[PDB]
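The chain below stands alone and is given as structure tokens, in the form solved without the ligand.
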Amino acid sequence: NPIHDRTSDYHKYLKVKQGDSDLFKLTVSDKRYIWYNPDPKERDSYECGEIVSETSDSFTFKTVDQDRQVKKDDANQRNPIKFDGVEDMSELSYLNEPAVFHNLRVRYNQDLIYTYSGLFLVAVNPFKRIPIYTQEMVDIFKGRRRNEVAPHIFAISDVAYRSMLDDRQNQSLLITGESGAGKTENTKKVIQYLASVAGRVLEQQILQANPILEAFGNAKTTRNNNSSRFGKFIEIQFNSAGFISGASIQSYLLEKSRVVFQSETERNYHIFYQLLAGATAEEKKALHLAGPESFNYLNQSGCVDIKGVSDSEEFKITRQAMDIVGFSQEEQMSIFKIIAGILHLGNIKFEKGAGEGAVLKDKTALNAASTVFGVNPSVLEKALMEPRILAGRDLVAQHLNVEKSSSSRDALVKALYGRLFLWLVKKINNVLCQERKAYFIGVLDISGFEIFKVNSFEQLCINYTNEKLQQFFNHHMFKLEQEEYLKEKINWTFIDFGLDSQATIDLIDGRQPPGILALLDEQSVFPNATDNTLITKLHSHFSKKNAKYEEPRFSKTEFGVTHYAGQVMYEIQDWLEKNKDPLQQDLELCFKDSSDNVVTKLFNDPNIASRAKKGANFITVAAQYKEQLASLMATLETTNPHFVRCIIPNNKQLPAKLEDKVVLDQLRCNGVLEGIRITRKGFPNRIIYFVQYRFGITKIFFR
């Protein structure tokens, strides 16, 4: 038993290290301590002070430098240090902000990133490798109850799996966190663990799905070098006997705008850098490829490499993963042709002709794109600069200017890339679809809460998704929990835990009165609407009317939303075009005639290519977003949830650097302390009258 052996890797890496005789002396001390703010302007910066005296209502304590006094009602008492490193913080005597943070600090300082906070797991990103995910670690956790073993993502994965078998009920693992917190890395460990303990080719294909999805769907942002730019719900499927029988990836809207634009220091999707770094010399000749600095879509941000990442070595991994999942050699070729042709399209330079319409004087990029896509360059050229539309019923060739031609070219690119992504996921899913499931454990890995210098429509939807997920945690931990006590009349006084995202949710997606997204959609079919009339309308509805909305005084093009995780200012530029997501039909006609078998599916397969109709108009992106979100929330309601709260230590992506204010903001807005308090004060378990106690209408309830 490595569990009981102090020299095991299990002890070394997952257990608090043996304290020494000096620490023993400190542990048995009769002295008492308080967490205080040396600077009251700075509420999250705490030191420890000895309590030197008390009255009926106050403590006096030493400060690190004088003596101060504080009302006992305002005092954040330090826990007896025997609590330092505790595995489940519901056991702390004093439940307060600096004490919770301190316990996480003690564990983190020893590379103990997992800690229970009552019923849910907290995971603080190490930003370095820690050897706790080996097969040997997996074997240890196999079938062990949560209290029998150290905190670990494997442990909560096992708890769900046993609950699935024992209760014959589908489960979910909901991993929350702002961008860079560790959601995707924990998601991968859950999958790894389930595939190992419930496993028997299929298991390898489930695992190899991920490098394919990341190469194409992750990118370096200023918050995360491997940022997920699409969310996913992964259903791991099991038969009646509890063995893995398939899996299904639900992917959510991809940030397509990143293909054509990246902010300074950021990167485009990894795949672009992987192709250019890892392609053979004549893979490169045949695709007309050179270095990333040669491509407008890769040379704007100032960043082409990521610290510690070999794009060439990752390319090998992406190709191996494609082999294992079963993409043919021609399919793969076609994939890279699409990637290369996108880079070429981005190199097309429109200019003004004799009139207002654009021309193409240099056709090098156009011809290179058309060659790799297998389309006609004259046709493509005409579809870019002179697309035909209806005017009433007449067919009228437009002649677009430089800016409109360039926008149209970008539209074609984003559609190519988003449709390729959907096709990758479809292909992967068909391979993993080998049996009707009996049960599933779904793992949710969304794009996490994020704030940039410039926040756009995509950031509003990402942040709203994170808001909705926090609301789901609030509903499960506090609201449904107390509704049960009160449906069962068990002598409970209702506690207002002060966590309600409802006002922010309503602001964004309210129906009557219409919220932000409804108003966006209204403006999107209003024939003369502009981004300026859009923000005017938002201001007219919400400015000084909605407490979560701010019309800023320093800008006419931004509005503020107060999210659970902080206020975010949103830039309105391009929201109508983003929401309408137009593409010229002549571009689709051009690509429907491609000689490439993959390209042709992207344009002819209605499940990839066709867009749904809302009466007279195509479904907007906001409406697509809402359907996906509603479908997700509906699926989660069919499941028993388990929450993992990923916590980023700092905003620098560095190990061994826990920052007080960064971490405490997350513990606050995540509701971690509230969640510990409900665990303590409530009655987690109840059985119908079954053959520190409460007798309800139909049920026994216990602490």
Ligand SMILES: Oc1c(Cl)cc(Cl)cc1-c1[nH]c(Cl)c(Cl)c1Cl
The other form holds:
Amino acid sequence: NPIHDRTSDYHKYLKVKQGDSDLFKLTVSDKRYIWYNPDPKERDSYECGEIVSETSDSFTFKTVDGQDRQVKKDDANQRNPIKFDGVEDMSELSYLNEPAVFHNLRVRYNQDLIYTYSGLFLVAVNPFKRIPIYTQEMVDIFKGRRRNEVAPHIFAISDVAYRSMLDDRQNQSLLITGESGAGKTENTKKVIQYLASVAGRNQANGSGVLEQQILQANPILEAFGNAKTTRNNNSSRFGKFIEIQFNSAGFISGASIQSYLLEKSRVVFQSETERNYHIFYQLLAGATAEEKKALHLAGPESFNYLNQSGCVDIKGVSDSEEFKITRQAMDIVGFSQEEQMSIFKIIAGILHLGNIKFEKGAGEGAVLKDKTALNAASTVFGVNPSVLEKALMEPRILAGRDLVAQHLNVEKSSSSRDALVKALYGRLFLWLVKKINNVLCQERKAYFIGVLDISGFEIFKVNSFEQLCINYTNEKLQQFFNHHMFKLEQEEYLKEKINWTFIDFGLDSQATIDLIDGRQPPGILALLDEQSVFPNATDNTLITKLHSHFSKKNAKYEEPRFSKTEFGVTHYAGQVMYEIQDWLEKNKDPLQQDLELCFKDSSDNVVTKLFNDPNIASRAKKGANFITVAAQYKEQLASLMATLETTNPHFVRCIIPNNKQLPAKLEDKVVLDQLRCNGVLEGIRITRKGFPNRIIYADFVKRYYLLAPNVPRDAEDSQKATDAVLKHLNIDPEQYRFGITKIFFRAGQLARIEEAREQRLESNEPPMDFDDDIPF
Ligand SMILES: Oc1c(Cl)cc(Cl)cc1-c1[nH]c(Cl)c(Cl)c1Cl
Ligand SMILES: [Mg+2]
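Next up, the form solved in complex with the ligand, please; the one we just looked at was the form solved without the ligand.
Complete assembly follows, chain above in first position.
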């Protein structure tokens, strides 16, 4: 058995190595230690010290330098006996404090053990290197097992969610949190792989094609939705909720993807060191010379949208190679050969639109002297060059019921051109998801397991509207964890009259959430929207109004003294300064009508569908104004959060080791901040101090059959039939508790103590067969 075979890859890559005789001598020692700060200023840098003596209220130890210090037993972060070092579930630690938790993760990390349980949820520290722990062999390991039977792994928590989906007939969800680069996407891929395995149909015609397409749906989304940012080479620039559908029996019947917040502005601009979306680079370097000449494509350096960051390649990634994988993925999912060609003739078109150079004419209006880029764009898009030109520089609008042609200056024509580009890309991205959904969505499933893979918390030198929406979302997800771990848990105990004194874990980011999406009084997004439909509003009137409402009034808001165009929001993961530039236009997300008219007449099927299809080219309208981006998003997110509330949540906390994307470099300061703001320790405390399991009094006749005074499934008094199979083995009485309608178990009695009554190999058929047929 791989599990019990100390030579298996499983025991080599998922278990803690056997300590040697020298480590044993240290393990059996009587000496005690404490975690302390050598430099009181650097509170996250710890060293180990031996406790040499104690008072009734203090400990005295010895600093690595031989120095001696005294601390109060209450302010002491004691070090757990080393037999705990590497423990797979930290809720089992004797001492639960920051240095102790970080240490255990470190010990496991140093051995390439990136997974560790922290009570009910899983913690994943990004290794930044490959570890052979995701093979089909590994999958077949964890298929069918108890979480406490196998080692910590993303597969394990995946199986658990899967078993719970069946045993309870309830929909589940895998919520994977983490700042940018932490490992959310990578783990998301494993959840799907595992589920498409243990639940897929026998790999065959359709029987193994559905789950094959499900897996190929993501490589597509990645080429168009991911890009290199300063924090992650493969950063997801869009959020994703993936539903894995199962039939009544329990088999995969399909899936659907719901995307959120594509960072459209990236197509036309990238900070020094960033890249545009991967797809642009894969095309230029992976297309045939004929395709290259058919789309008038050159090198990345010959396009404004690709030669501004100073970076066109990623260390260890062959864009030419990835292009093959994307195409190959499009084939499998079901994209026609024409569609694909269209898909690249919009991508190629976008690059050309970027090269259009507008210039100041004789007046203030713009003019296009060199039309090489313009004609090339029109060419591949299949639209009239003359019409697009006029639409770009001279769009028509209404003025008091009068059609008057505009003549935009250089700056404005440039923006309109960018506006067109972003609309094309965003719509194209939406189309792909739609196309992909139709292929995977073809069955009325009953249960589903939702996998959430959002853009993680991020901070850059310059943070704009996009970052606010991203961080607001991560703030909601964190509060979703706070809710289901501390609030809902304690309201249960409350109504359950189990005798619990309320605990305040100090984890609540509702103030910050309100400050952003509040309506009454109005939060940032509200004020933003208000300004967006104000005729005379400007980025200046917006920042001023925001300061007016929150400066020195909201505790999570800050009007900086060093700038007049930024405001700081204090998030769970830290304070972020936001630059207000362009927020109004970004919120309104305008696009000249002429531009759309121009493209509605494209000779290309994909292009026309992006401009004629209501569910893609249309915008929900609020009265005389279109719905803003802030409002649309808030709406979308609230919906998602509404869906998760109807599922049984399984949490996975991804942790980034450092900020350099380097392996074997676990920085304590970087890791502890995350452990604190994620509420990892409070989540462990709530489990050790509480009662997770809670069966109803009625259905309490489940695994409890005659293991006491004879009492089968039946009893006519429930409160009574309950303390009945328990007292036999005289289980500790304050190791559980009785509630108004349920029975709670501390630190999991069902597993800790109940190991004889259940999980036995005796008590079913051996306690009753001694005199089977032979009695005289
Ligand atoms: O990107 C857009 C711009 Cl600029 C304007 C309008 Cl009126 C609609 C969109 C739009 N609609 C839909 Cl539906 C998607 Cl998806 C996108 Cl993107
Ligand atoms: Mg990601």
